[PDB]
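Have a look below at one chain only, the form deposited in one PDB entry, in structure tokens format.
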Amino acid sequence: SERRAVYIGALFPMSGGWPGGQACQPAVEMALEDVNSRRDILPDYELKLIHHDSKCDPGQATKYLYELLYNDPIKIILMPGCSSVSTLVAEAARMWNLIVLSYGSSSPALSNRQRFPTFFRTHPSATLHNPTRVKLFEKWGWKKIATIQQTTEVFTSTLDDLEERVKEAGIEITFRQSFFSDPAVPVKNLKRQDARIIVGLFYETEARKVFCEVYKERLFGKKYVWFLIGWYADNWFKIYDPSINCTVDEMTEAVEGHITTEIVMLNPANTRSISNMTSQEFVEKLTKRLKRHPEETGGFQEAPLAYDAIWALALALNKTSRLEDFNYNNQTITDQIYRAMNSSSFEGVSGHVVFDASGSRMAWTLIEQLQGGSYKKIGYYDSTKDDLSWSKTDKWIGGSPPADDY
């Protein structure tokens, strides 16, 4: 007979704070072609896309969410990208019994089943850095940690999660300092209580300000280890900032030896995943559909998560299969898709795809250290299987990592 059309209502940020839809929409289009051309996944169903440009704006997204829900055809799932767009659609979704699957939202707040009961994300939460941090603290035998953050909900939530994770490992947070824009008084305070192991959470502009202030107070050297986020631009510390007094040399000096954690978004292995593509082939195939270069295209590094989200849905819809009967007033099919989505376990272009109880993606983390003004891969950590890959590439002045104490 005929394959029944089954619809996804997606929102792609083509502009805004995170213009991730630029590469994620083509990656979504490619994944649908790959799933629909597979006779073994949904033989009786054809998965189709209906999308709108959210502009990474919740106000804008409210207009398109209406457009998706109040116009035929009925959609079985909603796929937002930006964290602010997901916070709005994932909360609203229960009124239309809709599963919500995000390909780009990292906000820790989205891992709340009370506010977001049908929510899943192939993009991990910013809290995924915390198990890697506690493991590195354990490896190097540290139990006294200082934390410094910029005043943002994401950074406060990340540190709130780090508090409960260190308590479990018999580790404590000595000092916690915050700053809206100027980090002069928080860094001066770290020096005063003689903090040794510091977890610093801030954006790049604020990192430059933190590390200039770190040079001045000599909060770098053999004594100190800084744990930062690994998503900053290459040579961020060398970038010219007129509001910073420190020189390139001074700040290449201040950042020396610091550790970074970064969520793995593309499998570094040359293995073939469920689609039978390799990471390298996915990248080459994606580069071909793009109008501009990967460097110019927003959401290029997140594009494999968007590709994997379509596969997670396809495989979940495959496990259940009466999809045309879906209506916004019925929980039946939703709860069955929810159960199938919750039981996700497959190999995607981003690596192994699994969700925790909150619907947040579980993934590997890349651990790097800045050695001689350049980041060097010192290993990877898999939080779900407590698997640490050590490179034996890390370097310390003492010939060994220092300690939390005087």
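Numbering follows the first chain given and starts at 1. Compared with the form deposited in another entry:
- Among the listed residues (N235, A357, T152, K291), the one located at the hinge where rigid parts rotate relative to each other between the two forms is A357.
- Hinge angle between the two forms, smaller rigid part versus larger, from C-alpha superposition: 30 degrees.
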Contents of the next structure:
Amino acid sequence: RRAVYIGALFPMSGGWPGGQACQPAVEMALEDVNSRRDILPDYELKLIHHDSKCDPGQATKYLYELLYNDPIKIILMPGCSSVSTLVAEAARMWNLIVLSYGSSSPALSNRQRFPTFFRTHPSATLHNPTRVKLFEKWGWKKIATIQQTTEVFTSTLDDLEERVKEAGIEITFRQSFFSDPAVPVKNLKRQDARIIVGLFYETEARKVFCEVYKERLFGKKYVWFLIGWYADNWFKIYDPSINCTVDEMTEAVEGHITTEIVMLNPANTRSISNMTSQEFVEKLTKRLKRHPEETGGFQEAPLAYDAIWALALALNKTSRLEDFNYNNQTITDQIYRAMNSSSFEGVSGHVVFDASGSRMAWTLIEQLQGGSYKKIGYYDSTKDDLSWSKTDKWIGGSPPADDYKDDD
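Right, the form deposited in one PDB entry is done; let's see the coordinates for the form deposited in another entry.
FYI, this one's just the chain on its own, none of its partners or other molecules.
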């Protein structure tokens, strides 16, 4: 039983604190893969990890330590989009495969730029057909966008621009910010923008909605579309960078719509690990120190679990693992081919790897009502199926317009 090492980065804080649940999910998967005689009988999968803090600057220090210190690692496993973009761009220099469990950046689908990269997390492009379906449902042809300038968001908006153009919908106003959304939000108010797509991490979302409160860019005529990956009480958290109180934030966020991806199989079937989606959740909850609602990365945890299985199966097919070096393409090419041909059933459903989208068909749509998220529907872009709960609520009983229509 030779040792085989994974160099992994887990974000315990920062933009997306996904490591909080994904690190225990990875440890659960490694135990299961190791205690399986039929998978890698002649090898033991070992984890060497660090807290990236969802920060490329801090990940750069840990990437150095992983690469320039023994033992040699056969694969790198980053979480966040910014960290995965940095390690996937750099990895070719060390002929290393990069497997992300958490990176949604659409730009990561670029095989020329990221030639050794795989991910179990779907591309963020999956939110865009759902946003378009809802714009059509609610009859909107004029949308505004506001994004924080991390490439995950900018590349999502590049994809949205293509999808809206195809549907005969226009982005009539765009604003971007690196850290301070004060000017973008003031400009959205002055332009009389109504339907707004806002792409940013939870930390920046608080800064945005404090400016939204101040500018009165909320109420009956405004509809905000956000990413559904934030903590359920995100707008209620004390934040020294914002002057707005909890009650002011709560009223600014009222009625907004969110989209997220369904990452856990909703059917009660048993996957390759012989677990059902429901037992995986109880098992992960058994490992956690805080409740699921209090742990970052809980919804993404099945992807972390399945990434270890995907790697274990790919290593099994290639079988000479102790002989991997950073100067040799041979073993890299073989594991790349095994990963490329992956096809198994995981806790997140049918696991396959093809660059552009990253598989699975469903998004979950929620609306914030009275300070709490309520499920309002699901959308499957492959079969064009919008499953609607009829639980959405609007001031006056119906959504607003995308603009005034009465100036003859």
